[PDB]
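Asker: Spelled out from the first residue to the last, the chains are:
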Amino acid sequence: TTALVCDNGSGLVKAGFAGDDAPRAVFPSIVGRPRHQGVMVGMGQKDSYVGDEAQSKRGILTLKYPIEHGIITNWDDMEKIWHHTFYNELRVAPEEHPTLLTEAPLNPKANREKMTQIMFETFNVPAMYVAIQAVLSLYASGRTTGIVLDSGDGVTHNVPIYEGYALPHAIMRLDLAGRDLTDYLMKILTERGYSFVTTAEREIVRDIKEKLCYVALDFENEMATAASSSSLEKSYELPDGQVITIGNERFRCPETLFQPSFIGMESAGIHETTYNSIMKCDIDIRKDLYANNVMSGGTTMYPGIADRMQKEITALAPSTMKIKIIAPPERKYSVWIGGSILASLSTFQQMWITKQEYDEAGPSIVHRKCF
Amino acid sequence: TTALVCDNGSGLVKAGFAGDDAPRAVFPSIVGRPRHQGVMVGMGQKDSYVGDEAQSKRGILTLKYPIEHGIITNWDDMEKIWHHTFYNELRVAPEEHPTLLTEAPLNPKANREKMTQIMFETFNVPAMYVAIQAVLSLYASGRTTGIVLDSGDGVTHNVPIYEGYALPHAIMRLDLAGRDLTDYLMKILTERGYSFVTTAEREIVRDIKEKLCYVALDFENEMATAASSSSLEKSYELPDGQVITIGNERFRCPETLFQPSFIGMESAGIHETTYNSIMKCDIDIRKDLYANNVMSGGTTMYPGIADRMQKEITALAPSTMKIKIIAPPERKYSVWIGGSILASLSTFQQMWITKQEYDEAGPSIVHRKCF
Amino acid sequence: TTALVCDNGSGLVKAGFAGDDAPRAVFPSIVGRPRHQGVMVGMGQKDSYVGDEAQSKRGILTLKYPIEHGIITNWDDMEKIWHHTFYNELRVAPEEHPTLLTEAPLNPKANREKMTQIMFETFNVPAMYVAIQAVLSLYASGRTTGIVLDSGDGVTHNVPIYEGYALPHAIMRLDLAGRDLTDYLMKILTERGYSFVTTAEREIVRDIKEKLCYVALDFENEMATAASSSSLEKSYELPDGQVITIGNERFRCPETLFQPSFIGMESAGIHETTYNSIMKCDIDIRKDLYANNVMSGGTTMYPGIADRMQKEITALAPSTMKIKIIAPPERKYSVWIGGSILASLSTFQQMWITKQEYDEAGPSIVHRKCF
Amino acid sequence: XXXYXXXXXXXXXXXXXXXXXXXXXXXXXXXXXXXXXXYXXXXXXXXXXXXX
Amino acid sequence: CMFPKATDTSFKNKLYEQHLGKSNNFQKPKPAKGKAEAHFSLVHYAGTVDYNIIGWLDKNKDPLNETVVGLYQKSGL
Ligand SMILES: Nc1ncnc2c1ncn2[C@@H]1O[C@H](COP(=O)(O)OP(=O)(O)O)[C@@H](O)[C@H]1O
Ligand SMILES: Nc1ncnc2c1ncn2[C@@H]1O[C@H](COP(=O)(O)OP(=O)(O)O)[C@@H](O)[C@H]1O
Ligand SMILES: Nc1ncnc2c1ncn2[C@@H]1O[C@H](COP(=O)(O)OP(=O)(O)O)[C@@H](O)[C@H]1O
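Residue numbers (our numbering), protein chains in the order written: chain R, 1 to 371; chain H, 1001 to 1371; chain V, 2001 to 2371; chain F, 3001 to 3052; chain C, 4001 to 4077.
Calculated directly from the structure, the hints in this document are not laboratory data. Accuracy of the hints is not assured; some may be wrong.
Stated by the list, open to error - The list that follows gives simulated cross-link-like pairs (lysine-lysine, PhoX-like), each with its CA atoms no further than 20 Å apart:
(1) V:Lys2057 - V:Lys2046
(2) R:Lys64 - R:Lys46
(3) C:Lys4005 - C:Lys4059
(4) H:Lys1280 - R:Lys64
(5) R:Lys322 - R:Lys287
(6) H:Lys1280 - V:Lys2057
(7) V:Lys2046 - C:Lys4059
(8) C:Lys4005 - V:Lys2057
(9) V:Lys2046 - C:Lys4022
Please take these sequences and the hints and turn them into a complete structure.
Answerer: Shown next, in the form of structure tokens:
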């Protein structure tokens, strides 16, 4: 037989067998339900909808979002999603493979315990594992040491990994991910005051986040150009309906990462967090990390982040020593890709959970057995 | 000299010098024009009409409404209104005073820029300011911390203010104000099916909103009483013509605030919005706000809102901690009153815009200079 | 005239005349500043805040913490604090008394030199002294020989003192103090995953550290009880808001002192450090110290430390010889109390620095003249 | 309304904005207040360099 | 004083920013005998004289109501 991996890194959800280059297909983890009396009697009433099916159907559906802050909000909804994904895309039965789970690090045990409990009981599945993002990120990026930044749909990360080991004290974990940024966007957008608030309306922004964003090289200087020029300003359509045209409101958005005033918090930002977390970690290693600096997924997609990051580190580093960052093309997929690699090696046969343990001891097994 | 404040909180419009207890008089901001060939040749044709003059004249006039959703629709009309108000009520010349402007928060810059541009150019006026509602609401209510709910003629608000500072991220802003509710009313009213739609006909409802409304204590239980009793039902005249008598249709109306299905939207309502916006804001402050809870203006006029609100918070709060709300008598005037206080303090002499700046820099000045 | 002593042992800050039993009042040495636009124009803007005033005001303020690792971070801030303390609590003028300063031992000269420089210049003060914690600890505890453990807000200490003399080689100095432990606490706390990170949120933990902690008698056995029982688990409120209920997460915390893996370092811990530092010191004295063993301040407050410490020493000691430890009630105050005693004796009149020397030679004077 | 509202709102709300935000002044001030590594490490390097 | 529910100390502080640097002839009073606290020190044709604060601000406060005389106007007297 053969081995199968779910990505539940948030945003669209990624699933695929070991050794395929890329997951078969991918789904937002939107969940949505009707909003109005069902008045075509000819229609079959289905009360819950998910995935691109919903993405089409959206308008009378209204959304629930089953993961806040990387924490999965409502289990039975997940179970709906999960069941759908297996049967509809995968045409797969729980017995068929070991299955591998993808976790925010340093987050409450409950997600571990219920996830495993459900999936061994509700699904019945040969072998289970839950793995921390950064490990995959290294394996895919193939440098045994490193530090990773990956700010997905969900909670945003700093982990230094040294070769072959964790520094769990070192690690920083942040709820700054693009969704909340986007919801700040609206509080921007009312300046131009084309204005709409609901969940689907919020996801419409996601497209603009694809298309229209780019990273500020320098904030002051950008403001000076903002006074000078309109090339900074670009014209974009409603997905249907109007043309819309957007100024500094594009570039201002990512700066939140550097300055989370605009929705206001203190953690001194991605880069200062990173250098902080470095200065926690010990002295000699540091050069390697100055060399090996790695980024991935949802926010990183933006053009230019790595450059201003390097500018920031050149601010904070003693300039004397080499600095560079890695910005691979495939970052948003990176995790599941690494998961595939993770699946490949026979050592997990030593390492998987088996049904037997789940019989003989509880969810408690995990927290010893896995990281 | 002396200092003068316009309220342009929507609905009737409120204007008065610093230190008077209440504005001299107040006007709806209706605008209206002829509908029919003018056939008394003896009549002077005036093509636009405003204020109680129109309120008398209405029938052949037809209305335009120059503020949607708190956003002022058509500038030159405003200018008509504004000019009229000064000269006819106020007997005032633009030079005579500093003038203070009253704004929906978090709404498009354009209202700022054109308002100032016009009023410095078209009127020529010593000093200008635009101020956010909640600030006045606190000053009048005199508790330096707080959260305010004021759902006027126009767009409906949540702002927590802490003492001496803004939390602009915290803030929620909603187009749920009584006008749109009233227009829903007609879609109610056709059940009894005495039915009329035009603008003046819509304003006729406003009287009923004065007289006939009261707040549902409990919705289910009210329905049970609705089955039992007719004391719930009261008898009311046309302003002229018929007696009209109205059932649950009265109390059902305010529930929209709690459930904006009936004209259907999702934002989970006043109270759930409020507690949401709290849970955004940080942990320690919260008790104060549980203590200090403040409401004003158009919707709040209804008897009973505060009670069911408290019922709702007792639902959502951990019951352990004190809760109360403030419901002052004067809420509908509150804003302009607070504005008077705002006018009083010499610090605005430090703070006003002056003509000089408007000379030396554009409308842009405001958005730095004011909140 | 009369003589006055500042405690700048970190945490709340302690100040009082010679011969009073306890300092007049005490302040955290928090410093904090605004976070948000100041939007009550009526408010006076003060840009920096300290002390219980801030402790009330906190929410929009954000904290800076002017002492890391017992090293005082930012001088002018200190000067603010210091000035405030004199005038507001003490109603005292710098001329009024000799003043006595309280120092982490074995730490960089700079704190000496600037502290003295400022306080002789910025304040002008008859006589100055800076004194090492352990000396006071003995004087208050009144046993001329000893070893002291006092792990305050700040860097954590071992000093053997023999009667009348120092063994500066003997001494061990550690950055393990309760603050950093507390920040580890959050990385615990996300297991239950009620989770908040900012400075004020971090200080909220301090209360729990007061209330909820107690010392592990035996770690394995405690885990066995953890499997058995919930009496280990207690229920506690938010300072306002929720009830929170906490398991082993309470007792696990102090073990860090015994095992600084959990935030990971090597120094083999309090007790093994102590016995190490003993085995450095010479052979005959040792029995006395086995008898005379003394502990104080922030961490020691916990019930039970002395017991497991004794268990540890009975592990490491040859059991043959007597062992005991002292655990006075008043330990957290102990230092300033001892300082009062230190102030009392006329010999410091021989010993104080005077302005004259500061005239005739630099800060350099101190490092000869004082320990 | 399609004439009345749209004539103004499409025309003028086209061009909405220019400022060096005072709120961004707030952000700048805050970030200055909360560049811990800047203030603390500059101060410590400055002092600690001098050893007599 | 229309800023509510607050304390003369607030204004003390506002003095200390506002005048106490700026306004030469006004002064923080020195220590002197006879008095628990004195807060203002300034210079006059009579010489130079120094004065003190109790929270009294509201004492100058003027409330008004029409109603009170409004109805008294009805009354017999
Ligand atoms: N074309 C794009 N450009 C920029 N950001 C995008 C794009 N497509 C998706 N994103 C963002 O990337 C994230 C996709 O989720 P993901 O990065 O997988 O989160 P997680 O790390 O939780 O798995 C979301 O924040 C989504 O809005
Ligand atoms: N007697 C009344 N009872 C209930 N509501 C009223 C009464 N009179 C006016 N209103 C409503 O109060 C609002 C008056 O405008 P206002 O509250 O000043 O709005 P804004 O907050 O925009 O200034 C309108 O919604 C009006 O219909
Ligand atoms: N009730 C309490 N229980 C336990 N620890 C406490 C309590 N109150 C304060 N502390 C801790 O004791 C320390 C107080 O500072 P202190 O011991 O004076 O440090 P220093 O030795 O630097 O003077 C801090 O670590 C504080 O968190």
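Asker: Would you mind marking each hint as holding or not holding in the structure?
Answerer: Verification of the supplied hints:
At roughly 12 Å between alpha-carbon atoms, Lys2057 (chain V) and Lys2046 (chain V) fall within 20 Å of each other, so this suggested pair holds. For the hint linking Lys64 (chain R) to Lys46 (chain R), the alpha-carbon distance of about 16 Å falls within 20 Å, and the restraint holds. Proposed proximity of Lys4005 (chain C) and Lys4059 (chain C) is supported: the alpha carbons are some 14 Å apart, at most 20 Å. The suggested pairing of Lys1280 (chain H) with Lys64 (chain R) holds, with an alpha-carbon distance near 19 Å, which does not exceed 20 Å.
A hinted pair counts as satisfied when its Cα atoms are at most 20 Å apart, and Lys322 (chain R) with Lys287 (chain R) qualifies at roughly 8 Å. Pair hint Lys1280 (chain H) plus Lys2057 (chain V) holds up; C-alpha atoms about 19 Å apart against a cutoff of 20 Å. For the hint linking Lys2046 (chain V) to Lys4059 (chain C), the alpha-carbon distance of about 27 Å lies beyond 20 Å, and the restraint is violated. With a C-alpha separation of about 16 Å, the suggested pairing of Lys4005 (chain C) with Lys2057 (chain V) holds against the 20 Å cut-off.
Distance restraint check for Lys2046 (chain V) and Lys4022 (chain C): the Cα-Cα separation of roughly 17 Å lies within the 20 Å cut-off, and the hinted pair is therefore satisfied.
Hint 7 from the earlier list is the only one contradicted by this structure; the remaining hints agree with it.
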